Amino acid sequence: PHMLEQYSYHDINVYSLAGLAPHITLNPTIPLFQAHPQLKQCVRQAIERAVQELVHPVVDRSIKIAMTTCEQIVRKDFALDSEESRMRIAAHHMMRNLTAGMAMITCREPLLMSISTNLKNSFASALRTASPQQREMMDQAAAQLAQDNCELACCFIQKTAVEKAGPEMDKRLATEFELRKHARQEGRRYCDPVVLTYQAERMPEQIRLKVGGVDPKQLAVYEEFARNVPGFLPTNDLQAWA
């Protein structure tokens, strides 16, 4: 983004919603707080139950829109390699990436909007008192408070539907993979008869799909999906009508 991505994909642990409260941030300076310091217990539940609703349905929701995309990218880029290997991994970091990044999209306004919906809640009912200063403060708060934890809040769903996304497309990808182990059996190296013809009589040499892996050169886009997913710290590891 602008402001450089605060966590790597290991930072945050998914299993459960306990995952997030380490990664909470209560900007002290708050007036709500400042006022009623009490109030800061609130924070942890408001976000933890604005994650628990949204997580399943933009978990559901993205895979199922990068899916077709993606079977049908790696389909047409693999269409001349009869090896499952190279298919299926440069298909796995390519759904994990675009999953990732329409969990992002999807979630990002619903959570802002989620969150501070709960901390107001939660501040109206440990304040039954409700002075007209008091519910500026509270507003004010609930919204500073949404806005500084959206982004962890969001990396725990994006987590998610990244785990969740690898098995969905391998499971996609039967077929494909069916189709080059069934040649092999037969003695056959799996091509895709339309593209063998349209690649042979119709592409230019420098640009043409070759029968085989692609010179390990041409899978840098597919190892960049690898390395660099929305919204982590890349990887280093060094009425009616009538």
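Residue numbers count along the first chain shown, from 1. The term rigid core refers to the maximal set of C-alpha atoms that superpose within 1.5 Å between the two forms. First, how it differs from the form deposited in another entry.
- Taking the core as reference between these two forms, the lone member of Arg44, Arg208, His36, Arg184 whose Cα moves by 2 Å or more is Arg184.
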Contents of the next structure:
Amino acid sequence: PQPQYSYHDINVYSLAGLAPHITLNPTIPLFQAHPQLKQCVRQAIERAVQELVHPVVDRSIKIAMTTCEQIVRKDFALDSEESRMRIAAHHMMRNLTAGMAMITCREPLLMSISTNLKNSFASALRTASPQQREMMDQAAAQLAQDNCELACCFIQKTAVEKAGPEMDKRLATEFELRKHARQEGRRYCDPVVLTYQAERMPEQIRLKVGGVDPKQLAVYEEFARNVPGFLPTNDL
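Okay, that's the form deposited in one PDB entry, but what's the structure of the form deposited in another entry?
Here you get just the chain by itself.
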């Protein structure tokens, strides 16, 4: 399965960013007999996102926060340029936060979208025939399957946009160490890491004092290029 949406297709500012992307299959039988039920589809999808966006964002960021912090501090302990460290941290933090938001919301979204559509359909028909209830269940299941990826991308991007400042807060002291060292006219080097690399690591895989080789940055560049749930920004 390929993702339909690139990261810049979905406007997160408001829930109204969903409406231009809602897939509404025209062969759904419930709408063949009751076209007036098309209208409550948007509010049900918006409602299902509204009740899950905040809890998923907080959990997805919480899970990826410590992991990205510790691995980035470790990888850039002998790099005096907080510019590279901050860019790499965001590439990984957004990538892992988007992944954890995907795992967390895909199943509850299918459930929530289906449930909200069933209640909106039932409140519009009130007393419904068991034949009409089969229509509402099939429509709710079809619409949830057809819009789960959109709602998932909305929550993912929301979590990604919030991970920016959160990752900066976690790396505040690491940024200040490199900024304070530059003002004293010297590069920053973690003393514990510098000792270990110099004393215990083999030459071919040792961390280099003079920054990091740009070709070894391929990992963090891939984090920004290939985000789970979205189309890759470029090829290769």
